[PDB]
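J.: Please work from the sequences and hints to get the whole structure.
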Amino acid sequence: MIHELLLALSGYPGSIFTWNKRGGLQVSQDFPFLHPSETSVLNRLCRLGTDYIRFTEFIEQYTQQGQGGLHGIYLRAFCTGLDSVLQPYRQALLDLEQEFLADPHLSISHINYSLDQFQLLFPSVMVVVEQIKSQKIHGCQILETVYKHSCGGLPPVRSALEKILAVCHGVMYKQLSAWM
Amino acid sequence: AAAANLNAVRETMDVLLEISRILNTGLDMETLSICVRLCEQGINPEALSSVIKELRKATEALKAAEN
Amino acid sequence: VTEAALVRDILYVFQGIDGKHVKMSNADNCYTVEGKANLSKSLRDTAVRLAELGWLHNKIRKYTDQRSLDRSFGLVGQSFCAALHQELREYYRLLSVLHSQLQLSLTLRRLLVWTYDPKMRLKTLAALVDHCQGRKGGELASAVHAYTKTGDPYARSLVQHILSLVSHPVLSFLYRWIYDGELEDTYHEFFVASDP
Amino acid sequence: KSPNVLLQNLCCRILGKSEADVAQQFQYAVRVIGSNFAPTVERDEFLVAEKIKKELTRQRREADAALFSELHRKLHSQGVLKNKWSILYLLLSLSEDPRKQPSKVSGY
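Residue numbers (this note's numbering), protein chains in the order written: chain A, 3 to 182; chain B, 27 to 93; chain C, 137 to 332; chain D, 33 to 140.
Hint data in this document are derived by calculation from the structure and do not stem from the laboratory.
Possibly wrong hints are sitting among the right ones.
[To be verified] Below, simulated DSS-like cross-link-like pairs (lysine-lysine); rule was C-alpha separation at most 30 Å, straight line: (1) C:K255 with C:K195; (2) B:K89 with D:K106; (3) C:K255 with D:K136; (4) D:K106 with D:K83; (5) C:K198 with C:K285; (6) B:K79 with D:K132.
[Claimed, not checked] If you only want the chain A side, here are some residues facing chain C, beta carbon under 7 Å, derived: (7) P106; (8) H107; (9) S152.
[Claimed, not checked] In silico negatives: residues of chain C with every beta carbon more than 10 Å from chain D: (10) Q202; (11) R246; (12) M256; (13) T322; (14) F327.
For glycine and all other residues, C-beta sits at the position ideal for the given N, C-alpha and C.
T.: Structure, rendered in structure tokens:
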């Protein structure tokens, strides 16, 4: 019951787990073999799963030029940077999948202990992305909302923000280099 | 079935190798199984450990004397 | 129910998640077992003693989640939450080992024996938790240097790690202030206040 | 396959020499073994693991202790023997601490 729960968190909802669009990564609660509070921890993970689903939707929608939404190289760069950060998350997910498949008895509690790091770096980025979408910033406006958040406190989140901001200021540097 | 036994033996050996590397015991792979399995015949663990320690001391003395 | 059934409920409880015939009571701010597993009060008391783990873990989750979402409560507060997250990750690794053991001997006594040390670590953490509310900025660093006034080499080392990690933000601010004279203090938490 | 054959081969390996070259060493080991063939203390791996973890903490190796505990969980999941306590005692006695300087407080 581990592999499909991982698939459902991989951006492809399962059957005992229902990725409600507005209800987030909900879970059809009718299966046996765990405590509901185990399902509650799984729901804490499903928070990140629904965040990943929404993030994928946003990244595909901001990876399409004539729409009135925020556009420019900035949006595509933000989507690309979020995807590249998810690369560490995707790699961790793949490693955890291999480990769980390798172990005859690899507890989902162990899966949680392995995914705690990504769950630690996840929510701050989700809040920042929701704020950026609400701001609908464009131009270097998002580049300064970033610079505001680039004084972050979450070490993984701080480093990821540093990398994304390096990519962004590289884009700004390229623009200024054309202007020079 | 015997392939399962071989795989289980390899897995146990790998687990033991990891346990030994973590213990930093300095015991060699030659005591892969021979060391443990011979004691598995019901040897006195304290006596066997003392014998292993004496063998280690004698081997260290022999290495020093050769050197 | 079976003492093994209670063991499984405890295997859920250690994460703070109440069991089948074991429920997290609000009356005691702790785990009150669901009395529908009628059994001896000896085992009941064994779980009652273990309830502190659930109470403290839930308190830790609630308290760290509170300052985790507060961006302006202080990046120091967020850092304290992150260190608590690392500690809870270690605790969760222990709980995962426990659940794997729940899969497929041991004993509630052995569980309690093996759980005594995490109880001590959690006690140290909870003392640092309730003993740190409100102190932010230099007040926060004041509390960081203050709570380090106790012994317990184990707890002493844990608090030492926490404080050395806490020095890094203040250390960076001072390094900016001492290397560039730069004070970008948003919450005005630094010792050197700004007058722009 | 015989315990004596195993002892002879093991002595040859430990000395890196022939069994006849270890015959005196082999004789001493045989005397030691026939002195005691069975352990005088029972097998209770909870206490053995407790001692192992205590030694790891005395080595300031708490992370290595956690790794060892996880390995113990995996090995007990792959349980194939019935007297593992003796093997664990052997591993503890074979254990060395290059990760810490030699200085220890006596236990009880």
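J.: For every hint, state whether the structure bears it out.
T.: Consistency of the hints with the structure:
no. : hint               : result
1   : C:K255 with C:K195 : holds (14 Å)
2   : B:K89 with D:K106  : violated (37 Å)
3   : C:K255 with D:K136 : holds (27 Å)
4   : D:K106 with D:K83  : holds (19 Å)
5   : C:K198 with C:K285 : holds (26 Å)
6   : B:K79 with D:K132  : holds (20 Å)
7   : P106               : violated (9 Å)
8   : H107               : holds (5 Å)
9   : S152               : violated (11 Å)
10  : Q202               : holds (29 Å)
11  : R246               : violated (6 Å)
12  : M256               : holds (13 Å)
13  : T322               : holds (36 Å)
14  : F327               : holds (34 Å)
Taken one by one, the earlier hints fail for this structure at numbers 2, 7, 9 and 11, listed in ascending order.
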